[PDB]
Structures are given as structure tokens and as C-alpha cells.
Amino acid sequence: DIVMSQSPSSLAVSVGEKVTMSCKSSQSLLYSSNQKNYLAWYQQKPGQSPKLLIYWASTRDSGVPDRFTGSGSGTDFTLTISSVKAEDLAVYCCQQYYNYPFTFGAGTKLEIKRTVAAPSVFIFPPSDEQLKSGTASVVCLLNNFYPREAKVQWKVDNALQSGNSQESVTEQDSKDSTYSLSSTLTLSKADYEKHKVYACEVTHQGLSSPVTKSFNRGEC
Amino acid sequence: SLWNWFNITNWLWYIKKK
Amino acid sequence: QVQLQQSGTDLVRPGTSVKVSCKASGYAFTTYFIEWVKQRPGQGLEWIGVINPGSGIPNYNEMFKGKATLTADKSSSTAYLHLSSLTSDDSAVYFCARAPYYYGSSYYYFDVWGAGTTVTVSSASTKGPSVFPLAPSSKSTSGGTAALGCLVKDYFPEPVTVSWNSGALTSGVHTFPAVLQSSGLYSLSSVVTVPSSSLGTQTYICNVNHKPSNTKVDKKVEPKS
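Residue numbers (this note's numbering), protein chains in the order written: chain A, 1 to 220; chain B, 1001 to 1018; chain C, 2001 to 2225.
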């Protein structure tokens, strides 16, 4: 099966700048007879269905603005947005219809570039209402940061935590172009009362050194 | 291996409908 | 005016079967191929197969042979995707797409897509969430503000709606996407950044509504003593 490689997976762009996206196929897409490349480009916005932009590697679908351009031949293909608009933020994936099974690329996600913003860290001990139920959830909140790359590390009595925390990230804010992250450490009540100090350490580009928020269980 | 039943019947059916 | 209309979301238990429909309109149903594409949440597109609606003959991705069955009803201009022996891996969005038929060839782009059908496979029963406070503190200040929130834990299925002060509180709110826990139940958090000086005079209430279980919870979040 043909493998479609798209690099990079994510790209931070500025409104008005020229954007370029790469698509590489493991097998050649150029049919020798008609000298046509069986390559298509699609746009998919969050929650919506894919939308066709370019086919035959370079032919623009009807209605697609002229700022979208496809290029390349054989194995190397390229999608270019001459002057990116705000409404252009979406995932762009390539597709070969040259040989069954048809295969798609993983896509390139377009995001808005922004100056670095350090996160605001808040730690929340488990409520007393949940502790009666038999479980304890510690929540670490990382608020309004950029870029999205961020490392959250749970430390319980300085012991590193692994495999017992779930993470969640918001979509890029349409106003200040920042992200927000929420990490939840889940322990049983018996395990939660085994230790005292609970902390989440936050590593981010906007921080000179890792910022740590912590609390001691039972204290205020 | 252009010998493919899906590919061949597709063309024949298209001729039958055309 | 070409339109591919797909059926609604399916909540099914593992090991069962599901049948997704794709109703075409605005063109001759049998003059275009119907493609089926699978997309798992936050992943790349996966081509399942294709059917010639006029001749009835399908062509399958080898990975889906035995799991996917493609049919087409010319009388209703409707294409069907049948999935058997459903598991957690089959939980995805299933798009139906349309591809032209020029010169009797099928090697063509996909020019029109349906809205997609969400299929969720789970053995969990319907259950209302538990709403726990994430209490703010005038001593816990980062970035110039305080932070409070609500932990919405252990509910099934999606979705849950979370508002603050019955919708009056809109600025500074972050409602995170739900994560699926190993118990089969969902969980998420909604947080707000608030002024640390107003915690004694401003009230904050998170309104959690779960329509599938008819759960309506209003929880007041206040500083601890």
C-alpha cells in the first residue's frame, strides 16, 4: 500500500504570509500514459467533513480561491497558500487515487503564530465531597499559554507519577491565540491518604525554570 | 495485474449505460 | 446542489452490528462511485471501500474485508455501510464520499463528502455525572487572578453541557474536552479565572446538564476555610 507522508504535522502561520505544505508518497503517482499525477488535496476544519481543493496535483476545484496552489510530480507534492487568511485555519491532507487501496496523509494542522506566553498554574486538591465516594482527583490547570508544547509532571511526596494521570487541551483560543491544559491525577482514597505533598511541575518555553504548584493534604 | 474484475466490469457497465 | 446525507449517531455495544446510510440527491445516483472513509478521533483518514451503485460491485480495502459490507439501493439512491463484530477500535466517524466515473474509470478524487456518522462502541450503561468543586483561594494566585472550576466525573454517554452562573459568566471560561476513562465513563473539567479580591462578594455556580440521563446539577463553588 502507498504511504503518504506529510511534514510537518503542525504549522504556526501568520495572517498574510505564504504557507507551504509537503506531501511525500512511498510510490510514484505519475501515470506514464497521460502524464497526470493522481494526487488530491483536502481541507478539513474542526468538526466538519473534508472539502476538496486540488486534484491532479495542480488543478483547482471550482469555488476554491486562487490563493491555493498545488505543485509537484511523482513522489514529492506541495500545497501553497500565497496569502493565508484566518478562515484558512484547518487540517490539510493529501490523497492518492493512483492505486487501490486509496491512502491519505496524516495531515498538516494550521495554527496561528503568536508571541510566547507562559502558563498560569493552579493546583486543586480533591474536594471533600468526592473523598467520601472512595476516589481522589487532583487537578492541575495550565492557563493561556503558547506554544502548545508543555510538560506536566505529577510528584507525590517527590515521587514521580506515571500512568495515573489524564491530560486534556483546549483548541486555540480565537481571541488571544493561547492554549489551556488540564491534567487530572486519579488515586484511590486509600492511596491518596498514604502521602502528604502533592505537586505538579510545569515545563514550558515561557518559563525560565519549571514552575511547581503544590499543597499538603489536610492543610489550608 | 491490470486484469481486475472491478476495473473491467466498471468500464463494461459504463459502456452499457453510455 | 449535490448532497450526501448520512444517518445519525449510533451508540452500540461491542460485538453487535451497525448499518450507516448515505442518501444522495442532486445528481444521477448511479453515475458516480460511493466511497466510505473511516476517521478515528484525532487521526488520519482511512479508506474503507467503494461501490459502483449501478453495477452493485464493490471493491474493499483488504483490512476491512469481513468487517465492512457495502450495498446500494438504486430505488432510494442510498448507499449503505455495514459493520459487523463491533469493538472499541471501530469507534470513529464514518464519511461517505462521491467520486466521478469519467471514461468508465474509478481512479478519481472524492469531490463531495457527507457530514459523517459518529459510531461509538461501548459496554457502559447510561449514568449521570458527579459534580465536584475546584475551590478558589485568595492565597492561590497565578498570573494576577484566582482560579475555580467544576470537575464533571463519571458519566456516559456524551455530551454534557457546562455553563457558569446560568450563562451570565462567559469570559475567562475554559471547558476542556472529555477524556474517556478506563471504566468506560467520561470525565472533564470546566475552569474559570476570577479576581482574587471578589471571592467574598461574587458568587460562582457551575450548571452541569446531562440530557441522556436527565441529570441537572447546579453546584456552588466557593473558597474553603
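These are calculated hints, taken from the structure and not from any lab test.
Virtual Cβ for every residue (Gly too), placed ideally from N, Cα, C.
Be aware that a few hints might be false.
To be verified - Here are the computed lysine-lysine pairs in the DSBU-like style, where the Cα-Cα straight-line distance is at most 30 angstroms:
1. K1017(B) <-> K2224(C)
2. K151(A) <-> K196(A)
3. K2074(C) <-> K213(A)
4. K151(A) <-> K175(A)
5. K2220(C) <-> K1016(B)
6. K151(A) <-> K109(A)
7. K189(A) <-> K85(A)
8. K2074(C) <-> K1018(B)
9. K2139(C) <-> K2074(C)
10. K2220(C) <-> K175(A)
11. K189(A) <-> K2224(C)
12. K2019(C) <-> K2127(C)
13. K2023(C) <-> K1018(B)
What the hints assert, rightly or not - Output of the computed footprint for chain C on chain A, the stretches with three or more beta carbons under 8 angstroms from beta carbons of chain C:
14. 19-25
15. 187-198
- Task: Count the residues of the region 187-198 of chain A whose CB lies closer than 8 angstroms to any CB of chain C, then report whether that count reaches three.
- Result: violated (count 0)
- Query: Are the Cα atoms of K2019(C) and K2127(C) separated by 30 angstroms or less?
  - Reply: 26 angstroms, holds
- Query: Does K2074(C) pair with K1018(B) here, judged by a C-alpha cut-off of 30 angstroms?
  - Reply: 18 angstroms, holds
- Message: Hinted pair, alpha-carbon criterion (30 angstroms max): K1017(B), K2224(C). Please report holds or violated.
- Response: 76 angstroms, violated
- Task: Sort out whether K85(A) lies within 30 angstroms of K189(A), counting only the CA atoms.
- Result: 51 angstroms, violated
- Given the proposed pairing of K189(A) with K2224(C), does the C-alpha separation stay at or below 30 angstroms? 20 angstroms, holds
- Message: With the threshold set at 30 angstroms, check whether the alpha-carbon distance from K2074(C) to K213(A) stays at or below it.
- Response: This hinted pair is violated, its Cα atoms lying about 63 angstroms apart.
- Query: Between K2220(C) and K175(A), does the CA-CA distance stay at or below 30 angstroms?
  - Reply: 28 angstroms, holds
- Does the alpha-carbon distance linking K2220(C) and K1016(B) stay inside the 30 angstroms limit? 71 angstroms, violated
- Item | Given hint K2074(C) paired with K2139(C) - CA-CA distance at most 30 angstroms | This hinted pair is violated, its Cα atoms lying about 69 angstroms apart.
- Query: Would the pair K151(A) and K196(A) pass a check requiring their Cα atoms to be no farther apart than 30 angstroms?
  - Reply: Answer holds: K151(A) to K196(A) is near 23 angstroms, not above 30 angstroms.
- Three residues minimum, CB to CB under 8 angstroms: does the region 19-25 of chain A make the cut for coverage by chain C? Let me know. violated (count 0)
In the structure shown, a violation is registered for the earlier hints numbered 1, 3, 5, 7, 9, 14, 15, in ascending order.
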